[PDB]
Amino acid sequence: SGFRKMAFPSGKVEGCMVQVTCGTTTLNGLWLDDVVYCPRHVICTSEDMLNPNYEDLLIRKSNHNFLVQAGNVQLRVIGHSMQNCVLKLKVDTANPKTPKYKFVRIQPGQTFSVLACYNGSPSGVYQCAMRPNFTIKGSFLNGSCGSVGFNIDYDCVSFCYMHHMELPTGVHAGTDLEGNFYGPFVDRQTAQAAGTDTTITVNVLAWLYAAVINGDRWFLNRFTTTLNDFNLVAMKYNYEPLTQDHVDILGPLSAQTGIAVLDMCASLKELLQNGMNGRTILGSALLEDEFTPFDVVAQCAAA
Amino acid sequence: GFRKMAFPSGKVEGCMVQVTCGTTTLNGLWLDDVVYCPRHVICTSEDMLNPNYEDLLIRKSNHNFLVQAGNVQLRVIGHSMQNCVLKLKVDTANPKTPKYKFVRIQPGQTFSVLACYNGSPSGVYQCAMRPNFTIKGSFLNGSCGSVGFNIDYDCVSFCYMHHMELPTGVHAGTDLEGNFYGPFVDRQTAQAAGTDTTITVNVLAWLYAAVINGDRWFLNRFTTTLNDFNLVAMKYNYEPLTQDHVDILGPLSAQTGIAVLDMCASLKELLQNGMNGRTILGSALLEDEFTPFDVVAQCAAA
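As you go down the protein sequences, you meet chains B and A in turn.
Counting in the authors' numbering, the first sequence runs from 1 upward without gaps.
Counting in the authors' numbering, the second sequence runs from 2 upward without gaps.
These are calculated hints, taken from the structure and not from any lab test.
Treat the hints with caution; some may be incorrect.
Claimed, not checked - Within a straight-line C-alpha distance of at most 27 Å, the following computed DSS-like cross-link-like pairs (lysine-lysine) qualify:
(1) A:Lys97 <-> B:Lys100
(2) A:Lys102 <-> A:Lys88
(3) A:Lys102 <-> A:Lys90
(4) A:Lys137 <-> B:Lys137
(5) B:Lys102 <-> B:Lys88
(6) A:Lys100 <-> A:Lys90
(7) A:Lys102 <-> A:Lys137
(8) B:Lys97 <-> A:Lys100
(9) B:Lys90 <-> B:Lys61
(10) A:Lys61 <-> A:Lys88
(11) A:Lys5 <-> A:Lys90
(12) A:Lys5 <-> B:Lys137
(13) B:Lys236 <-> B:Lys137
(14) A:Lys61 <-> A:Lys90
(15) A:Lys97 <-> B:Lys97
Stated by the list, open to error - Here are some of the chain B residues that sit facing chain A, going by a computed Cβ distance under 8 Å:
(16) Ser1
(17) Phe3
(18) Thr98
(19) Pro99
(20) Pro122
(21) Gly138
(22) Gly283
(23) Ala303
Cβ coordinates follow ideal geometry from the N, Cα and C atoms, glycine included.
Could you build the full structure based on these sequences and the hints that come with them?
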């Protein structure tokens, strides 16, 4: 028993991390099948980042301006291409350690494991969620750009995130591996507004089911509610609206526990209105929204 | 920002095997032609109520230990019991053996757990050895033989092997020489963990981490002494702070310009007044699962 914020094992992704240098700037790249993916801002100086014209900056570069290192070993770049905000560096040798992989664009509220890297070297692994405002609350210091986020379904690594930017507020922004930003953000050093963050309601409910499964049951109350009634309370506390899709996703957890989804929503409502009154749930004094329903099931089933 | 961060698990992934003996299956650690696993792999459910491990091990031969590493079967050519671990000598050295050590850690130290089922990696998370020598992990039925480790760099220091869930739902285990952390035994019986306490030095480190990240509301106008603070500490079931702990916080004191005893005065006020519904680094309670080395490392980017 017990319940932990757990990352996927990182070994498959460790073998894909390289260093990418271009003039002054050094950061991380992802080496799969003779292509190296990294943030296009590797071509920028500090001054460039204030207002980059990426086409004009990339024109001053050739293949030989991109230094790609894996351990001690240099890779020869034989091709460079810009796809949205990622650079694709075609190299002469396929990564012998390429895993089975996909590129996925995830939805707000989905979770993934980050492997935080500096100079192409793994530092650490942690789990986080794409927030409803398309930011993440990671841990990323100055050389961490090009660090990747991923899920493993089994054997296959689904890469969903590449780190690009820290906002002035100290939250993080980045792309999928086709180089499209999650959210409204751009790879420019300017004031950029993250919108209102909201809590991922379906995840909170999943985590409450996780609590019940692990014996934490005090918050099960005597009430029920409707979907509209609950969502009325949800909007007041900046919780995401719960839909029938979300009720369907919670079904297995409902079945395992014998606690109906709308009964669990009634419990959540009371916690919203009354707080936790100095108690904890799974050792947390706040409501956790970083577990999906699939994460809870997986952890409890032992995927 | 600031996150509970595990070590990358790749080096340890290549050491995980499945060990089967009669009915029971669990995880083992393959280094240099030896497989380490929990000796309770030889037990049935009935045996676990009152095991005589010597007498149970006598009924076993090398061929009764099925060791699988991925698809590859390993031939066992030797078995021995060291404390509560079984050492299975196999015919092949693990080609993926990393540089490694076996370390017995102190209460309050942290490590990364790679949770494994049937010799396969499930997931990685960071936790702390509690002052009462338990941990609050995530461990389901086949998780025994899962390991805890630190990486200093290139070298993997194995500190923990999972053996037991207690009736209270906390976890217990050994070092890699098979000695239990704490008073526990590998027997399905009522076993008392003592009073758990908070790891004071870790809380202070995490407050320094907070200040570094811009969370500063809890900085107050007081100072205190070591004995005065420890008087408050014992009331709240916090570990006593010593000069060793003050010395280890020195670099964080230097970085922030907040003297250690000034930070202890802040903590005292949080202890006495609670948090008044506020948060620090996104936690509404005091976090004791980061060491001083962990905070520095995360902030420096090792």
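For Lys97 of chain B and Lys100 of chain A, compute the direct alpha-carbon distance and say whether it is at most 27 Å. 21 Å, holds
Do the alpha carbons of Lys5 of chain A and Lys137 of chain B lie within 27 Å of each other, as the hint requires? 12 Å, holds
Hint status (Cβ of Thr98 of chain B to nearest Cβ of chain A, threshold 8 Å): Cβ of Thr98 of chain B sits 15 Å from chain A, so the hint is violated.
Was the hint right that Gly283 of chain B lines chain A, CB cutoff 8 Å? 7 Å, holds
Within 27 Å, alpha carbon to alpha carbon, are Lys236 of chain B and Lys137 of chain B? 23 Å, holds
Hint check: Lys102 of chain B vs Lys88 of chain B, CA-CA at most 27 Å. Holds or violated? 16 Å, holds
Need the status of pair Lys90 of chain B, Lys61 of chain B: alpha-carbon distance at most 27 Å? 14 Å, holds
Please work out if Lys97 of chain A and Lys97 of chain B have their alpha carbons no farther apart than 27 Å. 14 Å, holds
Keeping to a limit of 27 Å between CA atoms, is the pair of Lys137 of chain A and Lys137 of chain B held or broken? 24 Å, holds
Just to be careful, I want the Cα atoms of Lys100 of chain A and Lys90 of chain A compared with a cutoff of 27 Å; is the pair within it? Measuring from Cα to Cα gives roughly 19 Å; hence the hint holds.
Does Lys90 of chain A lie within 27 Å of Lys102 of chain A when you go C-alpha to C-alpha? Distance of about 18 Å is within 27 Å: holds.
Taking the closest Cβ pair, is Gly138 of chain B under 8 Å from chain A? Hint on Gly138 of chain B: holds, closest Cβ of chain A at ~6 Å, below 8 Å.
Comparing the model with each earlier hint shows violations of hints 11, 18 and 19; every other hint is respected.
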